[PDB]
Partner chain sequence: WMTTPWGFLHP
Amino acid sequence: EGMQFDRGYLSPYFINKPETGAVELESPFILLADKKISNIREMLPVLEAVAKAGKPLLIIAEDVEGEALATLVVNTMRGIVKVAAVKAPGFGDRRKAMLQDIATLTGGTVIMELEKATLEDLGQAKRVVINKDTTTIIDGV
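Give just the one chain, in the form solved without its partner chain, as a structure.
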C-alpha cells in the first residue's frame, strides 16, 4: 500500500490495464507542477529527459489541458510516449501543501521554470496505479 488521493486519470485513453480499467506505471518518474500545463513546448525538456532514461512519467499538475493533453493522449495511443496525467488534490493552500507532501514521499521537487526541470527534480516511486477516481503512489523514494 502507499499514498492515495482522490484524483483519477485526465483521459481514459491513458489506461493500459483495461481488465481493471487502470493505468499501472512501473518505476515511473513524477512531475509535480503547481500550474496548469497547456503548451507542449513547455514540457519537451522533461519529456526528452525521461525518454532517454527509458522510464514512464506521471504528471501531477493543477490541470493538464488543451493541446498539451491532446498530444500526450494521442502519442500514448500510438505508443510513442509512456505518460499519464492527473489533477493535483485539494484546493487553495491545501493543494500546495499536499503537493509538497507528495514531493517529499517521492523525492521530487514541486515546480523554478518547467522548461528547465530535470530528472533531479522529478520524484520516484516503485509503482503507480491510477483509475477513474484515484491515484495510488506505491513505495516512494
Second form
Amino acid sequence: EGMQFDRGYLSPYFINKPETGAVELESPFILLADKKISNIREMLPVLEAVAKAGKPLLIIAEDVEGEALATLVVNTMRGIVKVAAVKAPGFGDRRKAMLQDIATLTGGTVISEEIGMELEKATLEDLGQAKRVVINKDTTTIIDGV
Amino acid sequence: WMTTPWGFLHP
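Counterpart to the form solved without its partner chain, namely the form deposited with its partner chain bound:
And the full complex, kicking off with our chain again.
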C-alpha cells in the first residue's frame, strides 16, 4: 500500500532528479523518529548500518536541523550515504497517529523518545521499507510499503 | 570535522 502527505524535502540538496526537481529513492529504508534531530552523533550507527547495506534512507522526524541536516546533505553529495529528510505530517496527537500509520504501512517501528527509545540503539529491523519514495517541494509519496 | 572509518564526514 502507498501513502502521501503534505511535507516536502527539508533541503533542495536531497534532490537527485534535477530536471524535475524531485527526490526519488528506490527500495529505501525508512526511519521514523518522534523527536527533533540536531546532533548527527546519535545517528551514526543507523547510518553506517544502512550505508553498509547499500540502501537509500528516508528520514521522517519532528525536524532535522543544524549540523545534522548539513552532514546528511554533504555525505549524500559525497556518495557515502544516500538520504532524504522530511518532517512528520500533522501536529500534536494527530502527528503521532499518522507517524504510527506510516510505520504499520511500511513494517517499521517508531523510535519514540516518549517511551524512552534511543536512536543510537536503533536497528535495521526497526526501519521500514517500501518499493519507492518520491519527494518534491510540497509532498512525500510512499509507494508499495512492505 | 572528522571522518568515520567508513568515510562519513561530521562535526
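Numbering follows the first chain given and starts at 1. Each form is matched to the other, and the largest set of C-alpha atoms that superpose within 1.5 Å is called the rigid core.
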Core-superposed C-alpha displacement of residue 79 between the two forms, in angstrom, equals 2.2
Between-form comparison on the rigid core puts the Cα shift of residue 20 between the two forms, in Å, at 1.1
